[PDB]
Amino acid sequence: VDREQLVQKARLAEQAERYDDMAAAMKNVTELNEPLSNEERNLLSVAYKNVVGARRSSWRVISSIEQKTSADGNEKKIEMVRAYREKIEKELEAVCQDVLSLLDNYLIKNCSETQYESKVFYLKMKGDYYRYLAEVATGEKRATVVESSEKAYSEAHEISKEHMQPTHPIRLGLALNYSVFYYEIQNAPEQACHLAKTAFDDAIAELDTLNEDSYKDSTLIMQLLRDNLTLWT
């Protein structure tokens, strides 16, 4: 099958903002067991991020309307709100299952010992979507998705701590989502501020290490870390 034409279809779907098609194409490319380039890695991530992102946004809107109109007595209406929340959750959980199965069976598995850039990217991606499941999970299932999210983030943090410079956009972006994981899922603003402050301090100290084609992205995440730090302190 024409692999390059499948990647061309993904780039076309991105400009048309048809992220459902873009995810389907990049999944087809991933299923050919060929390693994903840096551009194709982002095409896959951006596609599924917008797919699951649309569901995460709708879920928060429905949950907030379910909580603001709970003490109203309109039993027939809130029953319809819970069903709509449950429908979006089933869509949200199905999207996370598709990416996590791709990562554990196609992407993380086929990773050489030298290409650590893909390892941190997929592992942070793995912890990202395990965190997305934790946002809607409750009870015993919520404890499981939290541990798998923590496991994927910790393994990505260890690898990025050894082979990646503090100014690397992947290592910086991992600390952002890791701190967000600890502030919104673990309810631990202390440990969340530690992850954000340590990565921001290590990057500012080694600020004389960035080039033209990476300074724009590295400093962009450092502002997101600084904005989150002042919001959590």
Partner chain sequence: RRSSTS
Second form
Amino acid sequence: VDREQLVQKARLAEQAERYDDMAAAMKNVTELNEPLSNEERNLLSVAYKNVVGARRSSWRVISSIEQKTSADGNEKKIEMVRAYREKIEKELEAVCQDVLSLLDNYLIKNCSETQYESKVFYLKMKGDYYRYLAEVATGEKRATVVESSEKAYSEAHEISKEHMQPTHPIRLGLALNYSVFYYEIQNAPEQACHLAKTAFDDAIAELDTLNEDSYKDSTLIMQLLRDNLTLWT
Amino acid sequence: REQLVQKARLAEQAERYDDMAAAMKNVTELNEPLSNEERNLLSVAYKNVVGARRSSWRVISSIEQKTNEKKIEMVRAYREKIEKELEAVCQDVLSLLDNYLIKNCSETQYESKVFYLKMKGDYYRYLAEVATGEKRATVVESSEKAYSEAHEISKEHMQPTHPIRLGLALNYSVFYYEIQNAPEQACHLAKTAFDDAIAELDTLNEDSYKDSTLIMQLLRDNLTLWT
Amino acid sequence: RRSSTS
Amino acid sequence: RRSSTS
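Condition change, the form solved without the partner chain to the form deposited with the partner chain bound:
Everything in the complex follows now, all chains and molecules, and the chain you saw is the first one.
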């Protein structure tokens, strides 16, 4: 039940497409209270992203069905669809809160003062999962999770502008998700487009100095950025 | 009752086949016969569940055979976890079949009886897939029984182009090939079913031709793979 | 490549 | 359409 076999079990679960078990193994590895290496960090990220993404896809499907069953006016049908959507939503919220607890209690806390890369990574994760909580929240709790995601994204972006290269995939993904938060969560297309274009231009300014692998990793996220930019018009 | 069925349809649209299987299991536990749509919903739900389990188990077994005592022990323990999950799903399906589905078939409802006996043979074959040693024997024999009966009934009261009979022949030949390692009997059964459906291929008219031709092409593919 | 079932 | 993320 040691760290090596836990990481191996996470890799196994990934190969077996069983991402709940992968997330559980990486949660145990994180609960060992020791800092995570880049490989363990990426394994945890992939596991919990796949879990939350499955829950998000199910929630999207059921909510899209609910929006039409509501316009049709069937009482029992809309009641059952709403109940199932709430079930999937509670699952999604539980996964998100599990990730946020792992971040606040273990991951962000054990970051050294000079570990700006891990700080940006974990704050981006916090912002992403609070945004996922915002996708399903209504009322004052929606504003609360929006403020949490905003603070996480802003802190991560400041640390990233100070200590990370514009072409680093972590910074590019942070800027992409921050712009998506501005556009889809805040309905603020101006600052969303501004941040996305600023990130794209800062990456263009140094794209020539990248290795092949770095070039590919950065250009993928830059493609995502310019696709989101073209979409926002 | 219809709320459970629409919940199963929602779960299928949400790719949550555990919830779909649970909803159709409740519908079956209502002790009433299942319509064609509900029968297909139950079949699809439990097939997807057990298929996810089978895929995970095959991945883990391939990795276990392809590969340190601690790592090997961890791999074996994970494979055991997945084996237990798969056997639990199969036992759930078999209990549903023996307690409600097969039991509620009248002496003349040959279509649903063949359908449920084919399902029983399928899930006993899924048990035998992961079974090793002595315990394997019984779960093979049951799979041979549920198929065999389902064969005779379908041989006597169903047309050779019926999709239920064709799928039964397909899974039965697969059983004979992969479980009992009897390629001659498997090829014989598959070819007999295929040619019997070919001889009366003109009887399909725009309503059941696709559901039969797909299974016939699966039969032909298995036959060309075996020879 | 294993055998195809329904 | 939905905005592409990470």
